[PDB]
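Undergrad: Each chain is listed here by its residues.
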Amino acid sequence: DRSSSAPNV
Amino acid sequence: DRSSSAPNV
Amino acid sequence: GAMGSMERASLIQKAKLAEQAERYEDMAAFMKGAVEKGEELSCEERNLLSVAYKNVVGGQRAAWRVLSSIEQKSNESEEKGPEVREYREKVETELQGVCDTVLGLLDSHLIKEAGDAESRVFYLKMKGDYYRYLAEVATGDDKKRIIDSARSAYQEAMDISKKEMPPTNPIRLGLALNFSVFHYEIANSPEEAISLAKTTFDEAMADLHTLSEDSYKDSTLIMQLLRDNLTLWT
Amino acid sequence: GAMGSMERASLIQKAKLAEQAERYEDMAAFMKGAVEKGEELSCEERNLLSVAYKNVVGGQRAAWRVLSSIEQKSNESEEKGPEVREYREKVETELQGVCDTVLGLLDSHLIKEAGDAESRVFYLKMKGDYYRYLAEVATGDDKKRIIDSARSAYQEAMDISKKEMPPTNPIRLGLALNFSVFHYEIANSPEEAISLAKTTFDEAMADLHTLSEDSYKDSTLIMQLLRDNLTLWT
Ligand SMILES: *CC(=O)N1CC2(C1)CN(S(=O)(=O)c1ccc(Br)cc1)CCO2
Ligand SMILES: *CC(=O)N1CC2(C1)CN(S(=O)(=O)c1ccc(Br)cc1)CCO2
Ligand SMILES: [Cl-]
Ligand SMILES: [Cl-]
Ligand SMILES: [Mg+2]
Ligand SMILES: [Mg+2]
Ligand SMILES: [Mg+2]
Ligand SMILES: [Mg+2]
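Protein chains in written order, with the deposited numbering: chain P, 255 to 263; chain P', 255 to 263; chain B, -4 to 71, 74 to 231; chain B', -4 to 71, 74 to 231. A prime marks a further copy of an entry chain.
The following block holds chain P by itself, in its conformation from the complex:
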């Protein structure tokens, strides 16, 4: 699986 970038907040 891919790295996590900043989510919506």
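Worth double-checking, as some hints may not be accurate.
Computed beta-carbon distance windows for the label pairs [what the hints assert, rightly or not]:
(1) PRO261(P') / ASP211(B): 10 to 20 Å
(2) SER258(P) / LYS32(B'): 30 to 40 Å
(3) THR136(B) / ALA4(B'): 56 to 66 Å
Simulated from the structure, these hints should not be mistaken for laboratory data.
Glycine is no exception: its CB is placed at the ideal position from the N, C-alpha and C atoms.
On the provided structure of chain P, position chains P', B and B' with the ligands as indicated by the hints.
TA: Below, chains P', B and B' with the ligands without anything else, positioned relative to chain P:
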């Protein structure tokens, strides 16, 4: 909640 | 139209790709293009057409419901100006446009060329469904005529399905399900809704013995939705 | 543009409505309209701009990945003709267009008017992010220049954030997270990615004691994402 209609198949 | 230069087979291939990519607006445009080639649609192709537009209009309906709810709350509340109504109207118009597009494809010329029970019932069910979606947002002098158009399409479909298809046929079952929803949610006829759902369920139950394992799974899936509604309604 | 006749405040109000209705294309158009009014954006308004475009491009990226995967599988396989490549190219072009739109707003003229740390770092992070999304699909003679543009934007943002913001600031943390993803996924620099994530996490940990309950929750949420990546990468 609303009635269920036919879903995607 | 815009897809006039693409091969029919390429449009169907791309609709399948768009489905996998969850690009339902694209999928609907590809399938509209395919219909506009003027040839009849197979069962699989009718499924692609149905899935594409159902997802598009489904998003619009969900958005419209959110906005209508906000609008109803404001109209009781600190004055917020015209924006909520304007934006609800914008989404409503786009929803109506999708419904009109589908109804136009059915009228030009899918229904009139549909002679087999599976095709004709599917298309008349679809006509009922998209008038029903128009009825969900209708409030003026045409709400009654829209409801009657839905009713008339569903009724014609029901008459054919009862004569030509087994009570477990998935199209027949999905039609009866949606017509029962029409009765309950649109036509203020909960008793008609309950009666139709009960009779449909019971006649399907009695015909399950005729089916293969795979057909059994298909039919019982839809029967469960009838049962879920009956549980909600009673 | 198309939103030129609508009041700035009405555009922001409608962006909030579009968010509630999950109408992210509309939300992005409303926020583009608001930016084009020429006034600077508040923190809340920058958030609306970010959420709208992130959701739009997020859908495009997910679709592109599905289609690229199908395309790679076909190119090894029974010949299926040009359709998979054509449709991937179509989605790719639309994705590039969204990225170019965002980059254009930043260049005309959000970044140049942004003088406070929170605004300038946010916009330079965004510039890095949208070049990064361009880099994900780039394969020709500009892949290197796109990667360098991303890097340069992230670096400028990092330099300001380290001088002007506490190590727990959510914008500073989200920037460092995304720059670490850039290093790992785009720049073939996993060690740089790991080092940045570790140092960021550790410096934030040491500053948590200064925060209120609410700020603590905000910062630790992003720190968990650094930790999740470090777990994936090591
Ligand atoms: C074979 C054929 O014409 N089709 C169209 C369908 C398969 C069935 N329809 S439907 O709207 O009639 C329907 C039936 C059953 C369920 Br659970 C849902 C919908 C949808 C498209 O595919
Ligand atoms: C106050 C202000 O300018 N903003 C913009 C933000 C609040 C933060 N950004 S972000 O991309 O910097 C970001 C930080 C932290 C997380 Br978990 C995710 C994103 C997004 C929009 O709102
Ligand atoms: Cl509007
Ligand atoms: Cl295409
Ligand atoms: Mg109206
Ligand atoms: Mg009674
Ligand atoms: Mg290309
Ligand atoms: Mg090492």
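Undergrad: Output the numbers, in ascending order, of every earlier hint that fails for this structure.
TA: Per hint list: single violation, 3.
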